[PDB]
Every structure is written in structure tokens, then in C-alpha cells.
Amino acid sequence: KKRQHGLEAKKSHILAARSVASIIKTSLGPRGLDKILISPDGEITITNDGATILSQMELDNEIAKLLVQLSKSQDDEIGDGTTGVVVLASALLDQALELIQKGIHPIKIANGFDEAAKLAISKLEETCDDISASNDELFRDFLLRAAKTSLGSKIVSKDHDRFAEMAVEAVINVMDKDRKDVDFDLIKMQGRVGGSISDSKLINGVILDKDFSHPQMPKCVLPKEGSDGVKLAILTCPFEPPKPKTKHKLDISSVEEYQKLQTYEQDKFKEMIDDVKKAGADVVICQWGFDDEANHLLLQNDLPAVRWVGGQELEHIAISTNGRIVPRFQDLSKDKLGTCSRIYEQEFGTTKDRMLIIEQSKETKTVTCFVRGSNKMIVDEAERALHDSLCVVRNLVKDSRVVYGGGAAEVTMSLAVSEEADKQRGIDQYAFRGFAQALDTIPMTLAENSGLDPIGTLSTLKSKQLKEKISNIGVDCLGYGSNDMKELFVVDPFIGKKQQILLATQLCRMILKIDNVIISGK
Amino acid sequence: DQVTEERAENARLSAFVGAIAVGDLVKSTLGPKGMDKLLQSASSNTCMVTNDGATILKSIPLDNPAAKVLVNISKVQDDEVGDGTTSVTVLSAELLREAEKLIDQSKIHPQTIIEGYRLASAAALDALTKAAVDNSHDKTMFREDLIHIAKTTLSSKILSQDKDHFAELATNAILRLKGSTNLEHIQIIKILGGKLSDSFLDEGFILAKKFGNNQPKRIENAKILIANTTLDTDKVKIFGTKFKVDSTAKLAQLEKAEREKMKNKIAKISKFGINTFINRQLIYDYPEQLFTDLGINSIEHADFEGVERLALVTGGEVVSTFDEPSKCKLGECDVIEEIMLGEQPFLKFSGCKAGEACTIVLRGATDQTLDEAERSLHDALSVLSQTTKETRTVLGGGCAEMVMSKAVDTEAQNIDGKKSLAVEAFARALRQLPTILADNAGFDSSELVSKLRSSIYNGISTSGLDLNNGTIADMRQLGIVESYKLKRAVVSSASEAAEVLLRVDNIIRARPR
Amino acid sequence: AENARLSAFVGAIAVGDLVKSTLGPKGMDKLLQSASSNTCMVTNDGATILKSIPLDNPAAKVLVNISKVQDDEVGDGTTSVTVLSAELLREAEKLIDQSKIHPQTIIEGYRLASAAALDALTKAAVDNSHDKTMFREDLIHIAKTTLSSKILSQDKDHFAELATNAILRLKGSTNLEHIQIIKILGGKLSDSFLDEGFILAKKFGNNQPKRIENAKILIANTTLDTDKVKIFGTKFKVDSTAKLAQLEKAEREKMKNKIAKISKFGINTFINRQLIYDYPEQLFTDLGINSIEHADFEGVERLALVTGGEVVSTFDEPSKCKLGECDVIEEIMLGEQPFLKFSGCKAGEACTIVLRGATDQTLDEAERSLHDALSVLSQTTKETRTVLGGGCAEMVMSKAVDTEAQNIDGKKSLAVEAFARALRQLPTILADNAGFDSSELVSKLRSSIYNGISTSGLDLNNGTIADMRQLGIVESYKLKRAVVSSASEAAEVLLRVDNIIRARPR
Amino acid sequence: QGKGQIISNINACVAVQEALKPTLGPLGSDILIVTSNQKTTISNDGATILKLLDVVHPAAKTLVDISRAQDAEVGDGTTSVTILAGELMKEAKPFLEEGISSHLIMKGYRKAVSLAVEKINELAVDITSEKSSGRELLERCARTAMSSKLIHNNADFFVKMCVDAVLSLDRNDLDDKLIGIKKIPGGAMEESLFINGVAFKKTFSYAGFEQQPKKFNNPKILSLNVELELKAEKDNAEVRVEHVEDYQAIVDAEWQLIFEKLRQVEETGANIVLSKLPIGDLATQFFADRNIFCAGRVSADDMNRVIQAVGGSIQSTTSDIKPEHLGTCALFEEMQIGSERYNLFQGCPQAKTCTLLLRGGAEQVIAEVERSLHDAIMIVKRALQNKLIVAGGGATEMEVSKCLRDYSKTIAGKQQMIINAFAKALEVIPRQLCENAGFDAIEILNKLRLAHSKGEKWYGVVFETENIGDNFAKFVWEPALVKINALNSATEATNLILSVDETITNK
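Chains as they are written, first to last, in the entry's author numbering: chain E, 38 to 559; chain B, 8 to 520; chain b, 15 to 520; chain H, 21 to 527.
In short, the hints are calculated from the structure, not lab data. We treat Cβ as the ideally placed atom computed from N, Cα and C, and that holds for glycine. Take the hints with a grain of salt, since some may be wrong.
As the list claims (entries may be wrong) - Between beta-carbon pairs, the in silico distance windows are:
#, chain 1, residue 1, chain 2, residue 2, range
1, b, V511, B, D111, 48 to 56 Å
2, E, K247, H, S336, 37 to 45 Å
3, H, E486, B, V10, 43 to 51 Å
4, b, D481, B, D111, 46 to 54 Å
Model the full structure from these sequences, guided by the hints.
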């Protein structure tokens, strides 16, 4: 335990995360770079994501918990463009260091941010556009314009046309005709390492690591004679020869009683296969294993089955097939049968393990993007990049207002807060301008990684937005030349920038109020 | 605590040298003329000598993350080519080395360097597609070109001098599969002893087991049955049962009921009309004598991998629940006899009912060649099976990399700007891949490669490098050709993996637990 | 080749990368912090940098000896000497290993390239000679080339008139001891004064007048400390202190007789090598003669060249030897300590330049600038040929090296072209410190000379291609030949190392 | 041992006293304290600070023991009790150098507190009448506490929602267990909802998740502790069996035992069925066809709140359910916030409790919010039995501070200095305020001497305008009755610490 008072724990505590957050600063925007982080277990995770790095990174100062606690709420709120947003989350604490040297009270610094935060949002509401005013066709065209700037962020952005139709067609299957709804829970992306990254397709369903046991039949049967969705079924109770699970004892007083125990399972072997054959269910998933003597009769009756399937994947199958998993053998009925359009096992590599793929060609509740790639490290990075796209469309649904991206929002509200600071006067004039000054570091940081003059671009933005009130002029991240964002189809959700900046401002209010740091062991 | 972090200054230099240091071991393994390496394991004191880095780089501990992704992508190469796949790590190491010299000279931002490799990879796909030749239209030349495709892919191991004896093995075996891409159908057995050229291709199955006591070593016109039922351990139950008896009289009746259990079980087996029986587990003495009384062969101790290969090669089916004798199928072979291959005699099958699979007999001088021939035959017919699916092929052997250099150089003129430096760097690094190949045979990589470079620009596509004579020879005359599907995945994955390694500005080392 | 030469290539390049920021007029100075004595020195020249840095590679220590050669001959811009040899080691990592060529053949390729490099330097030389009117006026702009490579360049135009008038007072003196450089703390570089005379940091006596006109100055090597030292192994044998007190007092009058011999000369100023006792010091006041003492060795030597006198030990003859005369010897206090300012020398035999600066590190470092600049002025008088620098000379030689590569052809052309590529990396490194585009500036300069324009060059101030004659960039042939011929032969020895023998430390 | 041991016990309280300096006042800052639960506590009020603070010296537990007494008593602004008690020990250092015993010090502070109990009644005034009352007086008192800690700017929206929740409290009952609430993570910091009943998070997932209806118009509440799963019997499941067919009957009997109880759950027809134990996947697919709300793994505290709300009961037998064991409410609307569904009980037969649903990821925010509700019930309890209030901001102690200087000036000699030290110790409350506000404590305390004498009484200190004004006329007020037990508790604790001349530690 150390004794820290005064500017010791009121400055270096903020300066700590200031040097830590400057590490990921080089990853801002599509021009950013990746990083290597070795886990304590020895594994290595390579990603540029600000939330993924800070989650598994073990630091010293307790301020790291404040940065992770914010990212926990951001994933459930916005979680869109994490590489872009994570940099501006710490930009509010950098400007507060200059106001402390000037003699402003730390609480007056924190209270001055919330005053200018409500006025900056009102200015952003002027230039926002309503995408919901159009039809469904123009709405999907707005998604294609947004999926270019928004969806593509990290690596694999080389070819963005392969994943463009993946995110667009994913929200088309599950959506309301009035364009108010979201479900991101039934959409799960399970990828594999193989082939090329351009081989990704759209297959709605789940990918099971376990294949069909008893390699004495065909790997996949595409059609079905009974039609009606192949009659998918899942048994909740484990599949075993029936025996009491509770403690019991057997008493054999004669040879005949021992012979009846032989025909005991023999009568149950035929009883279990006939109840399934009577229902005609082709796909029967056993949760825990199966009986060795029944490993044949399933193929004899043409009953493909699998073993050791996780309960999480079983929930997505029943909701996708619109069926109900069978809780009890006596409760087995044709009313609980599911609907499966096509089921097959992917060849994957040479041998390896064949991956069972359940696919529904029609509208289904479980939407999945088929993903294959050569690099193993890009798997978790490319999936989580498209996982945020589920919340991107969600921001366009719940919030019909959309603003032009490219850092043009912070420049637009910069001129408003500068004018609103002169109305209050007092000591808050420099405090309100400081809140807008911290937001002015975002455009200068965007041009840092691209090799463009930070101020030379920022000076043109305020000069151009002075004559015309349109916000389409913004920072050019990828080097497209002219800074008009309307021709480049660069748009960002309104609620995305709203909450992520507001929640960061609300959190920094309590951070600047920290004076003494007391750390005790667990 | 104890977290060592390197900024863009240290991490940029440390990440590039990491792949170059370990990459020097796989540079000499390129091509049929490539060399091998040795690894000393601290556990069991074993070693693996091979030119394929999938089993080399995986067992080499390394603290540089730059080569960690290179090992994971080797499984993709293990699922496609499998032989001579070290060029993926060699070409990636050259891209990291040329980019290291490109940032020290041009001093452009690393993201711009990646944008140059993105436009350079597009020109490489156009040169391979326009040069793709499809001979599948003529079935006569198709079966003959499979030998030329084989001669390229089947030279890896030290035994490649025997390829002329081994070319007939993969030629007739791919014709027997008729579309079987799985290695579980292909029967690969290892035999110690005999000459290196003694390996032959026999039609049938070879079993390493034997007959227990009275089973005749030669059985003709036999019905082969495969059963997963339990024999050796008998009574083992696993019920909730317990045993209570008043006197030893009924105690022996339980053993008498055990005989009646097996007597009624062999009665259902006798209804099958089989002269051959196979079990997954061991066979108890009592049913072993019952097999000899009824004239039924006995085979035991077939593991999970071997129980399938019996029915897959012979076309049979694993049968359980004997209560349905006529609902299943029975395997059949013309001649079932015990032969002697090497020291351990083996059980030979002849005249299988289904020719869907074949058995390749492998005899070699040393144990080092056992796992060495396994790696060469790991992907052998599967490579030929992928040529059955994708029939477009292109001349390989180092010339195809020079043909793509002409397309990249042509595209570099239309691009120009400051991004052409990274585009030209990809062409310069690609031309160094056959240069290292010429360095492995000890021949001239200067004058020969310089002539091959001007020959591609003169409009001669068939020009290539001769490995045996060390001169300029046409690949169509030597018979060196590779499929379009394999080479496309090698060049693309090497460039995609190199884009990630150039993006590392930081290396964080956590304190070990 | 691999284990034989490993650290000889990368290790030598890493040393050149540290001084890479020191190359060029836009470069910066490196701080040398010694682990002992807790001292420090700030110097651009690699002579001091490479000497004080610990070198584990024996090949790096060889670069110190070749640096000392250019230190005495040139002394300015010596960083590019070791950097040019480092690029030859980088190209040797490929041609010897990758291309698989014997090192002697690579050396032979540089041997034929060194002969072709000397032909390009002589034919491209510009002859400035004969009439000294336009010649001396051109020396103003010619000096500014190598005058300031430092961050002190603000003193260029100021020291340009002082360095030009320095050789004008020498009137053809090639000895660097005839010039006097004075280092004074405080002030600005623009406050440097240049007068005809000498300014000494010592002072006069207590009662000595502050202004004396038409004074005759005479020095000597004698020792006035006290009494007489005589020979070794002496002693005084007397009956009592009556004779002993007389022997000590009489020698004070005997030295006065030697001072009486000084009065026969009629000199108004006297200068002694060693310290002077108070009694012979007061005797100089009675005669009205100034006194100067505490000169170890060069104290009396530097003043002898300015006054043009001669050391007189005997004081016997007021006829022969030499008598120096200065118009005004008045003591002039500059800065803190009082200084002795001499003016109106008998002849132009010597000259003195006074420098003033705020930082002590600027005085010691800028002393080497004027010391090397005067050496260049002496070489332009002897050697009549001059060339053009600023990155242009490397591309002109590259045209001759590439021309010779077409005649030789064969596999040696790879080593000949690598020598030309090594000459292409020097302006890249030269322009690397300014922070401008290498591919843009080099391509415009390299292609312009192939088109027949030899007057172009790299301009790091405006970041474009400009005429070196208009900007005043001129290098003498003696400077250019000494750097190229030594750097070409410097790496020739480093490429002959086939083994590394490490002796046991003491 | 000796005078040095008392100073050692005081120095142990100084470390706690110096840490609690920012913890008092609206403009006071916050302190960061890490605990063994991995919960970082950033708070203003020192209520929960002393509980989670790591105690080093044994004598420091004296301030912790008296804190829990004032925790359930007041709970708001109780950090000044240990600060004032610390000043009494800090100002006792020159007293220890003299020959004044701690018992003479005990009589000095007691006479000041014994009069202070009478002064608080005199300094205050009965309000009642048509003046500030419910929906008004409750808003003025709750705004002082809440807005002085967190949500400084948005307190207009935030406190207004919390004050409206306390309005449901009525007299003649005034139950103290009504303050029970829940913690809802996630959401915006400025967004909050009002709920009049128990809310409980799913905490588990099952295949019938998306098929669960969220809206019931007239549900029926039923509480059952029966766990639904296949498991062994209570004591011993051993069954002696002879025939072979009876073993499958056991499998049927194990099913018939569960399946019959599953039908009894659907036979009742109650649209709300809560299980005290976990719920497995065996009864999921069966009970899901009935489409009745169900929640498992419910805490025992939440089940007791339902019993105290709708008057239900928990029974282990379905055939013994009485007609009154099935409760009904006005409306049932299941809300989902951040992929987490929350049940809502609206219109219970008797519910005086209001469970506030908060938002945000920060866990330390609800610490003072639950404490603000703990103070809100104290305001209601102390506004009924005795009706009176005083001014806010913390200037009330400065009014009685000078009143003690005037009386004790003429009272029995040396006892003047001891009481004057107490009045000097009362100045620490505005002293710590002027330090954290960047004001000048010298000029303000000098003006208070005239403000508490010639300035009559009610004039306080205004932090907003940086001036001295009347907080009583400003309508911002502070509870008066909470200072009676706060000032008297610190005296008995200070007199106990100063009376300990030695400390014994075994082992």
C-alpha cells in the first residue's frame, strides 16, 4: 500500500490510461494496424479491436477497469465501429489535464462537459437524414451504401463485396415489413478454417462438429420421400436402453429370470427404433451418446443420428425448424417434427472431421453466414466484425435518423458549442470550449494514420461548413481525395455517435472526481 | 506485472526477423531437389526428418508470433497440396523481407504497401486462368496426364528416385477409386524390410492379424461378416443388478446360462451362412471353438479405424443386432489366405465384391521411411482426386511463378503512381521463389533465372527450369504440370497471410503462469 | 560467408544508421555522453563520435582509422565516408551469398569501378584559377558549401566575410598555425569581430598603462621565477648568514643586469615564458615595459607569428635577431575576463579571428568549421579544379559506372551495377534527414544528367531540383577525390575478411 | 502504553478521517477504494465507505461499529459523525499534554451535546399548515441528498422520478421493509423506469425462450418450491424387484411420479407459476405448450417479497393449495432490456413498495441510489412523528456552534476551553466544504460569526452563487432530526477511545 495525495493520484492516474489508450490510437479507422497480445495461458490473439484487446489485457492501475466497464455497456447499447469509437472514448480525459493547470476545479471540469453535451446533440439533429421515409427497396439501397463504410472496418476489407451480401441478406430474413424490429440472438456465425476467404456463402442453420456415426451409410441424403421438411426431430432425454437411474437391486431366482433380462433390452431395441420409424423422422439428434447395439438398426431403418451435441446449438435448431424437441420417448409424436430444407456434411479438408450442416432455404428464425478462410487468426476477427453489423442495422431500425460519417459530426457540433460557450461567459466559456476542443482531436487523429495534415484538413472543414450547412464534408480516411461524403456513400447511425459519446461523457464525470486511490488484495 | 511491451520501433524489426530466422529451415526443402532437416525432441528422444514443414514447424517451439499463423495455415495446405507446401512460408518470408527493405527505402506508410499487394494479387489470378489447360475433354490423354501430374506431386521424400517404380502405384489406384476423396477408403499399410522398389499395388485387402487356433489359413468362397458385438468379456452386464443365491447349485446355473447365452448367440450367427466372422473386440475361447466347429473364420481386435476400412474396401456393412439375419449384407472375397510380407505374416484378401477402394502395400528399408512415405502418400490420390474435380491445369516447376511476374509487371504499368513500388516488390519477391529452388540443387540461380526471366517476356510460356540437367527445358517435355486449384490457393493464402504480419506495431508478452 | 561474415555487414550498417541523422546540412548533432568523468560533447563529425563509442565489431574500429584520414585531410562531411562503405557491405550480402560470387570477384568489380570513378571526377572538374579577383569573390560562395553543416547555419553570411578576409591577410600562407581562433562565452555568433592583430586572454601588470602607442614587443624562453637555477647538484658553502644573505640579494641585482640588457633594446613590451617574481616585475614598471607570463609552450609561439619577432635568450646584442612593433597594444576588456588587444602589426604574417557564443558546445564545435574551411581555401589555391556537390556528383559517377558496366558485361556487371546502386543510396540517405520524397527527388536528378544537364542537384531547403551554381554549391577536386578514393578502398579491405579470430581478453 | 497509546489510537482514526474529507458535501469529491469482492467503490456519502474500508489498527473498528448504528438510523451524511469525532480526538492532542483527564473531557462534550438536543428543537420550527408538505416537502428534502452525490446535471429528471416513487408511501403503516429494490445493469445513464412491484431477471436460458408470452392481462400468481427435474428420491430409492417387467414399470413410475405432478401444475391454471428452486429442461417442452409464465432460480428474498405483496404462500403439495393462495394483480408486462427479460407485478392487493429500475453498466452508482432510498424512508418517518426541518448545506451546526460559545463563556472556569474546543470542532463541516469548493475559509467563517449572531438564524452558505444566503428561503432543506442522534453518538465513541491507555494483542 502506497500513500498518494494531491496531484499524484489526480494526474498520473489519468495519465496512466492516457498512455495506454494511445497504444490503440494507431488502430483508428480502416487505415489502422493490428496488434499482438499474448494470453497468460500462452496463447496469442492478434486483433486490432479496442474492446477485444482491453478485455484480455492485464494491466496495473485500476483505471483499466473503468475502460472495460464502459465497453461492457457499449456492446449491449451500440457496439458499432468499435475500432473507431474506442479511440474517442478516452479523448475526453486528455483535455481535462489542461484545465487543471489553469486552476479550474475538477468537478467544475466534469459538470461543464454535461452542459455542452446536450447542446452538441441538438446541433447534430439538424443535418440528420431520415432513411425510413423511403420504401423497402430504397432502404436496402441505403444498407448497401452503409455496409461499405460501416460494415467493412478491419482486415479482409480487401474484397468487401463477398461479405456485403452476407450482412444485408441476414437482416432481410428476420425483419418486420414496417421496418421496426430486431433480433440478434438467433443469428450466430460459426466459421471454419479452410478454402479461401472468398468462398463464404449464406447458409441458414447451424454447423455441428459431430458427423453421422457408423460410417456404414451415405454422408448426406439431399432429398426425402416424405418431403415436409425431412421431419427433423431431437430427443431431449438421453438415448440408452431403458433402466432405472435410481439405486436398485435385481434378484434372479431362476435361469428363466436371467433369460428374460436378455430379451429385456432386445425388446427395447426394437421398441425404440419402431417409435422413430413410425414417425418417419429422418434427422434424430441424441444429446448424450447412444447405444452400441442401436448403432446399426438406425441405418437399417434409415435413421441418421448424431451424438454429443451441445445444448446451445439444440435451441437454435428447434426455433429454426419451428418444431419442439422431444422431452420423453412416450411423448414422441409427429406434431413435434421440424422442417429442414436441405442437410449435408461439408467435405472440408481431406479427412479431418466432416462438419454437419443444417440448411433452410426458405424463411427461418436462425440466420447464419457460411464462413471459410485460409488464415486461422482472421476467423475470430472477421466474425466479431460482422457480429457488430447486427447492431448496425439495429441502430438504423430503432433510430430512423442517419448522419454522414467521416468525422464530420464532431466538426459540425464544434462550431455550435463554440458559439454556445459565449452565452454563459464566466469560467465555463473555456470549459465548454474545452469539451469541444477534445472532440476536435478526433479529426486530427484520423489524418494521422493516413499521412494527411491534421489541421490542414480540419481548417478546410470549418471553412466549408461555414458557407454551406450541409454536413457531407468530412475527414477522408482512405484517401479518396475530395471530402464530400455523399458521393462516397459514407453514413453513420445517429444513435451510434449519440450514446457512445454521451455514455463516455457521463462516465468521465465520476472519473475526474477521483482523489485518493486505495487498493486492497482480493 | 512483468509485461514487456514493444512499440512500433522494436515490434517492426522483431516481427520481420522472426519469420526469416525460422524460415531459413524451410527454404532448402523446396522442390524435389530440396533437402531435409533434423529435430531433437526432449521427450522420448525421437526425431522427424522430412521436407514438409507441417510436421517440422509444428514441433519447433518459437516465441515469435509472426510464424504462429504460418503453422495454422499449413493445415489448409495439408488439406490441398500436402507436399512441398513450405513455399507458403518461404514466399511470405520474402514478402516480409522485401517490405522491410521497401519501408527502409520508399518509407511509405505500411498500409500503402498492403494496398499494392492487393492489386498485385489480382494480376496473378489472371495469368493462371489464361494459362489453364483442360485435357479432360480427351479421356485418352487425361489418364496419361495424370502420370505427368503425379510425377510433379509425388517427388518429396528421399525415395523420389523410386518415383518411376511408384508412378504405376498412384496411376492405377486413382482409377480404382473412381471419385473417392477420403483416405479412410484408401488402405495404407507399413512393412519393415525388403527392397525399396518392392512396393506393389494389389487388388484386395491386407490384414495384419492372424487366426487363433484351428482356423484354416486358406478359405475360399467365404462370407465376411463385421460385428461390433461383445464376445471376449461375455457376462459383463452393467445393470443395476446384484447376485444373491441360497446354494452353489444355482451358482453354476448362471455359468450354464452363460453357455446358453453364447449357444443361442452362435445359433443366430450360424443362420447367417458365413464362413468368416470379424469382431471389433477380442473373441472369447468358447465362441472361438464354436467358429471352428461350424467352419467360421475368426478375426478380433479391430479398432475403430480398422473396423470401417474392412467394409469400405470390400464393400460390406458393419452388422449388429443379429436378430435380423436377412436384413443386412455380407461381404464376399474370392480368395482368403494368409501370406507372408516381411517378418510378420499378413492375411491377404482377393476378389473383393466392390472395387471402390484399393490396398497399397508399402515395404521399405528403414523405419524413418515409414513415416516419410506416409507423408508423401498423405495427399497422393486425394491430390489426383482434386484434379478429377477441377480439371484445369497449368505448367508448374517454377515457370508459373515467372509467368505471373509478366502479368504483375504489365499491371504495374497501368497502375504506376507510388503504389507500383509494392506491386513491383511482389513481382521481385515472386521471382525469388524459383531462385531459392535453384539454390537447393547447387546449380546456377543467376544466369539461368536471368534467361528464364527474359524468356517469359519474349512470349514463350512453356519455358522452364530443368532440375536434373540444370538448364532451360520445356515443362511439357519433362511432364511437370500442376492443377489450377492447388496453385491458386498457395499464392493467394501466402499474400493474405503476409498482409496481417505487416500490420503489427506492438508485441505484448504477458507474464507466464 | 555466413558465419565468416555476419556482424561485419549489419553491425557496420547499424553504426552508420546512428550517424545517418548527422549527414547533410539539414542534419542534426548527436550527444556523446561518456560513462566516465560525467562529461559530454556535442559533435556532428564522426571522428569524435566513432572514437568514443564502444565498438564490439573489429570492422567498425577500422572505420575509425579511415575517418581520421578524412578528419585531417577534409574534416567536414566525413559521415558520408563510412556510410558509403556501409552500403557496399549491404550489396555484398547478396552478390556473395545469394548470387554466389567469390568475394575477390566482387572486390575486383569495385576495383574496376574505382578506376572508372576517378575518370568521372577529373573530366567533370571545373577549373577556377589564374586571376584572384573573381576567384576570391567566388570563395565566398564556394566556402558556404562546406562552411556550416550544423544547426548554426545562421552564422553563414556573417562568417563568410570573416573567412574570406582571413586568407586575405595571410597572403598565401598554407600553415594553419598562422591563424588564431578565439573562443569567448556569451553573446551571439553575429557578434564575432575580425581585426588586424592578436587578442590575448591575459592582462598587464598592476601599474602598467592601459594604452601604449608604438610599442616594441619582444618575447623569450628564459625563466624569471627567482634567483638562478644554474646546474644540477649545487649548494651554498658559507661561514655564516652574512655571506648567504648577500648571495641571494646580489642575484636579484644580477637579474636586473639582464633587465638592464633588456633596457638597451628599447622595447616597450616584454613577454616571458614562465612566471616572474615580484622584484623583476617591479623593475619592468620603472622602465615602463609591459610584462606577460604563464605561457606553457604555444603561448609564446602564437604571439611570435603575429608580431613576426624572434625568441632572444641571451639579450646580448641590440642589433641582430628581430624587433617586433605594434601600433596599439591597448588592453581591451571583452566579456568578463580582461583581454589584451594588439593592433597595427608590422606585417601580415598572421591573423586572428574572434568568435563569441552563448553555449560552450558551440565554441568548440564551430572551431572545427573555420579550421577546416581555411584548409579548403588553401586547397583551392593549390588544386585549381573544383566540382559540384549537393547530390549531383553521385549521379554523374553513376552514369560513368553504368557505362563501364556495358563494356565489361559478364557476371561482374552485377558488382559494377551494385557500386552504382550504392552511389544511388548516398543521396537517398543525404535527403533522408530533410524528410522529403526520395523517389521524387532522385528520379528528377538521375534522369536530368542522362539528358545532358550536369548543373542540376538536390535542394533540401525548397525540396526541389535547383541549379548548384546559383545556390552556390561548389566543392573542390581535392575534397571530392579524397573522399571517393578513400571510401572506395575502405570497404575493399572489409570485404577481404574470411574469418573472425577473437583473442582472449587480458 | 500511556499518553502515546492514546495518540496511536487517534492516529489510526486520522487515516480514516483524512480519507473521508472529500466525502461530505455537494461539492465534495469522491475516493476510490478496492475491496476483496473485486468491486471498485466510487461514492460521495461515507455510508458504505466505512463498511468496505480495510481496517488495519484494531482501534479503528470503533468508528466502524458506531457507523452501523447510524447506518440504519440516518444513513445520509453520517460520514460527518466520524469526522467530528475525529476532530474531537485531533483537538485533544494539546489536551493530552496537559493534566486534564479524559473524564473531565467527557463532561465537557456531554454538556455541549445535552444542550444541543434542546437547541435543535429551538433552532427548528414547526412547518405543517399550508406550507411545504407531501409532493412538495418530500421533493425538497430528497433533492438535497441525491443531487449532492451523483447525476449532478440530470438530477432534475433523475430525482423527480425517485421522489415520485416515494409518494406511494402513506401514513398509519410506514413499513421499513418497503425500500427493497433490484439492480439492473446496462442501458443509458440518464434513463430510468418506475416499477411498483418485484422484478426478477431470467438468469437462465431455455429452448422455449422466444415462445414465452410477455403480456398477461389478468394473470394468477402461484408460488411453488417443487423442483422440476429427473432425480433420486428424498432418502432412499432402493426398490426390491422380482419380475423383469417391473423394472420398466419403475421407469414408468419415475415418469408417472413426475408426469402427474406436471399435470397438476397445468391443472391449477395460474398464469404465473414461480419455482423457488431451479427448473430443468425436462419440464420445459411440456409446460411450454401451456404458455404460462415461469421463472426458476428465484432468490429466497424475492419470493418473500411476493408473499408480503399479494399475500401468497409457498406450498410443496398441489392438492393442498387453498383458494386464497392464488393471487391476482392489475397488469403483467414482461420487459426486455439488453436481451434480459424482466417480470413486472402491477396492482398488487396491497403494495406500498416501489422498485426502481435503473440503467447503466456502472455498479457503484446504485450504491448511493439504494442509500438515497434508505434516506427517503427516513425523511418520511421523521416528517410524521415530529414535524420540523432546518436549513440545508450543512450550516446548521454553525448556528449552534456560536450559541455554545456564548453560554459556556461564563460557565465554571476551565470548562469554557473544553466546550470552546467542541465549538471549534464543529467548524470542520464548513471547513472541508470551503476546501473542496475552492473558496476562502477565513473570510466565510468570519462572516458566519456575524451571520449567526446579527444575521439572526436561518442564513446558510450557498455553493451555487459563491455567496452567503438563506437556504430556508431557497427551499433547499436538510432533515433536522437526523442530527440529534448523530451528534450524541460521536461523543460516547470519542470518550471511549480517549479512555483507552493500552492495547492488548494476543499471538
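For the hint 43 to 51 Å, verify it against the beta carbon of H/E486 and that of B/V10.
With a Cβ separation near 47 Å, H/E486 and B/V10 satisfy 43 to 51 Å, so the hint holds.
Item checked: Verdict for E/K247, H/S336 (Cβ pair) under range 37 to 45 Å -> Distance hint for E/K247, H/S336 holds at roughly 41 Å.
Hint check for B/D111 and b/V511 - Cβ pair distance inside 48 to 56 Å
25 Å, violated
message: Is 46 to 54 Å respected by the C-beta to C-beta distance linking b/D481 and B/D111?
response: 31 Å, violated
Hints 1 and 4 from the list above are not met by this structure, while the remaining hints are.
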